Amino acid sequence: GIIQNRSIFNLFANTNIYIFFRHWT
Amino acid sequence: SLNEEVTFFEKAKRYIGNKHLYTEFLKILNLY
Amino acid sequence: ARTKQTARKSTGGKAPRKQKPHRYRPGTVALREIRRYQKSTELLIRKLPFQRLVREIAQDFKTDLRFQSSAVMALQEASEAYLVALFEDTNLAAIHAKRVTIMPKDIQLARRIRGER
Amino acid sequence: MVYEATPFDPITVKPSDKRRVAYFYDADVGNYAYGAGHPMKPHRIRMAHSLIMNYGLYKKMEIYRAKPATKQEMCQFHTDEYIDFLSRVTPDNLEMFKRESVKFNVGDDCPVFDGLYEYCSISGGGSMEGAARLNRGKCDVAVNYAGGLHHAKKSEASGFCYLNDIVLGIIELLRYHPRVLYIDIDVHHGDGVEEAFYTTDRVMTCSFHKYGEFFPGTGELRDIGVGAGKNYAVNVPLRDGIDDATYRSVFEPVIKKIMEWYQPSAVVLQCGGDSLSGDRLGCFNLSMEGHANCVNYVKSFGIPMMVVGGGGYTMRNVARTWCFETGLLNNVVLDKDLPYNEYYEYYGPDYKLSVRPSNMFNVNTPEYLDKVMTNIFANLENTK
Amino acid sequence: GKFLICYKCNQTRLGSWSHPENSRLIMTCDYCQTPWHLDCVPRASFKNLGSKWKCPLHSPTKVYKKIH
Amino acid sequence: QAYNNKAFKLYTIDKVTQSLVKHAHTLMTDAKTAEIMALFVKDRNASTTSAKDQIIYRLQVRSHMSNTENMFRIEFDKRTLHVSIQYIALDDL
Amino acid sequence: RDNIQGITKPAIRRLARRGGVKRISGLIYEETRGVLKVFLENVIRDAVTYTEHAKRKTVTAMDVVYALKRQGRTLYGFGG
Ligand SMILES: [Zn+2]
Ligand SMILES: [Zn+2]
Ligand SMILES: [Zn+2]
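Residue numbers (my numbering), protein chains in the order written: chain A, 1485 to 1509; chain B, 56 to 87; chain C, 7 to 123; chain D, 9 to 392; chain E, -3 to 64; chain F, 4 to 96; chain G, 69 to 148.
If we strip away everything but chain A, and leave its shape as in the complex, we get:
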C-alpha cells in the first residue's frame, strides 16, 4: 500500500494553523 510520487498532501492542524490558513484564504 505504498503511495509513491504522491500528489495529495495532508496538513493536520489545531485551531491556530486553521485560523491562520482561513485568514490567508
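None of these hints come from the bench; they were simulated from the model. There could be a bad hint or two in this list.
Among the chain F residues that face chain D by a calculated CB cut under 8 Å, a handful are [what the hints assert, rightly or not]: (1) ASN7; (2) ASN8; (3) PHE11; (4) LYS18.
For every residue, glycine included, the Cβ atom is placed at its ideal position computed from N, Cα and C.
Using the hints, position chains B, C, D, E, F and G with the ligands against chain A.
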C-alpha cells in the same frame, strides 16, 4: 406488505423527532 | 357646541401607509445614604447629561462654541458647590418653620434673601 | 427545476419590431406638488420629458396632450361620492370635509394640494387616450408617464394615488380587446388594479413586487383571484435587493408563460421607478438596464401595449430610466451621455444616463424563486 | 449553542462570510420553536410584527370542509 | 468610485493582513503549536509515503496538543491547488 | 432643552443628600432645575464673553473660573 403497515406509525414518530410535532401529527390524524 | 380635535390625524391607519425579606422604615435608608453622598467625592450629575446640558444651553449665546474638557468640569463642580450651599440654606430655612420636609417656597425665600430674585 | 440562473444579457432592440409610438404629456403635470415633505413628486415627469426632447426622440414619435378627464369619466371605476370629494376638496376647505377625509383616506399619506383634481384629470385622460389610440390602431405603443396611480381604489386614495387611471385605461382597452394583461414592475403591489380586476378573466393582473411587511401588504402568492378570475391574478413576491440578472430570470419566464398561456390582446405595463436601486421607498437593486429589460422584453411580443409610468421617488433615476425605456420603444438605444437639459444639475456626478446599482445583498435565493415560479406556473395551466 | 436545523431540508445553511449568498435565512416558529428555512416554507418576510407566525406542522384551529 | 462599490471587501485589507500577521506570530511562538508545523514540514519534505505513515503522523500530531482541542485536515493537491479542509474535531479519538 | 431634564431626580436628591436634606418635596426638582439654568446662563454668558474677547472660539476652564471670579465664586484645580 404487512410489516410496513404495522411499522408505519412508530417509524413516522422516529422521523418526526420532537414529541410536540408528533403530538400535533396525531392531532392531524385524529381530525381527519 | 364646543368641539376639539385630538386624533390630530386627517386619516386613520397612519401606520399602514407608504409614507422573610427585611424592609427598612420610610426614612431609615436616607441617613445611611446622606453619609454615602457626603463621604464620597464624585460629581453627582452624570457627565454625559450635564455635558449635553452645557452644550444645549450655551449654543444660544454664541454659535459653534467648543468647551475645553476641563471647562465643563469646572462648571460641574461650581454648580454642585452652588447647590449644596443653597441646600444647606434650604435646610436652615426649612428647620425654621418647625419642619423637616422642604418645599420650593423655602428656596424662593432662600434666593430672595440672598439677593438674586 | 423552473428557475434558471442566467447572467443579464445586454439590451438589444429588434429592428423587425418597429412600433408607432404615441407619447402623452401635458406640460402642466409637473406644476403640481404633493407637499413640502412629501416623497411623490409629479416634477419627475417633466424632467423625464425634458430628456425625451433633448435626446431628439420626438422625431420618431408623436407627442399628444390628452384631454383631461371629467367627473363621470372618472366614475367608470370610482364611485360618484369619491370623485365628487376629490373634485371639491382643497387645502383651504379641508376642515369642511373631515368625515370624507377619513372615509376616502385623503389628508394623511395622500395630502390635499390645490391642483389635485387637475393632476388626476391629466393622469386619467392620458391613460384613457393612450388606450383609445391603441384601440383605433393609431399607435402600437402608448406612452403616458402622467399616470401610474395603481394603488388608488374604488372609494379611497392610498399609496400617493388618488385616481386609478390604469383601471380606466384597461376599461377603455376592454371595449376593443377581449384579454388585457397588466404587468406591474413597481416594487409595491398593484393592489388597486388587482382588486379592480380580481373577479374577471378578461384582465390578467401580474405584479412583480416586494412582499414583506411592505406597503400595501397585499400580494401573497396565494392571491390568484376568485370567481371567474381564479388563476387570473399572478402575484410574484420578491425579497430585498433583487439585481438585474435575478429580476430578468424571474420576469422573463413568468411573462413568457403568461404570453403563451393567457394570450392577451393588449398589454398595460406599469413602469414604477421605485423598483430602481437607490429609491427613497423602494428596496430593490435594479439598474436602469434591469428596469428597462422588462419593457424591452414585453415589446418583443408585438402585442399593442400601453407603457404607463408609476412610482419612482428619486426624480433623477426614474427620469433616466423612463427616458431609456421610451428610447427603447423606438428601437434605439440611447447613448450613455446625457444631453444638456434644463435639469442637468440633478444627474451628478457623472451626468450619464445610467443608474448604478447598489452593492447590497441579493437575498432572493434561487430555491425560493424556483418555488415561487413553480407555483405560479402551476396556477397558469388553467388559463388556456 | 447548537445549530438550528431546518425541519424540511434537515440542514442549517449558515454560510461562510466569504460566500454569504450560500446562507439561507432561517426563522423559528412562534409556538413550538421549530426552525424553518425561508425557502422550505414559501415566505419572503420574517414576520416581525402583527400576528405570531405559525409553522406548517401545527394542527389548525379552524378548517372548512365541503358537504358535497 | 473605481469599482462601483464592488471592492467593498477590500476596505479592511490592513486589518485582515494585521490579523494574519498576528496569527502567524502566535503560530510560531506557542507551545504545542510549532511542533505541529514541524511535523507538517517532515511530512511535506519526505514524499513517497504510504497510509500507515499518515495515521502515525495523525496520532503524533494529536499527542502534541490537548485531548479537547480540534483537528483540521487541510488537504492540498498539487494539481489544481485545491485545498479541502475537513473537520475531525474529537473524531479520531 | 432635552438635557435640562437630564439633571435627574436622584441626582437632585444626591445634591440634597450631600446638602444634608432628609425630606424633599416633589415640586423641588423642576424649579430647582430652573435655578440651576439661571445660574448656568449667567456664568456661561460671562465665560463666553471672556472667550470671544480672546479672539477665541472655545471656552476654557481658565475662562470659567475667571467668570466665577467676576460672579464672585472661585474654583480650584481647574486652572487659575
Ligand atoms: Zn410603488
Ligand atoms: Zn430548510
Ligand atoms: Zn412551529
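Do the hints match the structure? See the list:
{"no.": "1", "hint": "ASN7", "result": "holds, 6 Å"}
{"no.": "2", "hint": "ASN8", "result": "holds, 4 Å"}
{"no.": "3", "hint": "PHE11", "result": "holds, 6 Å"}
{"no.": "4", "hint": "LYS18", "result": "violated, 20 Å"}
Figure legend: structure checked against the earlier numbered hints; the only hint not met is number 4.
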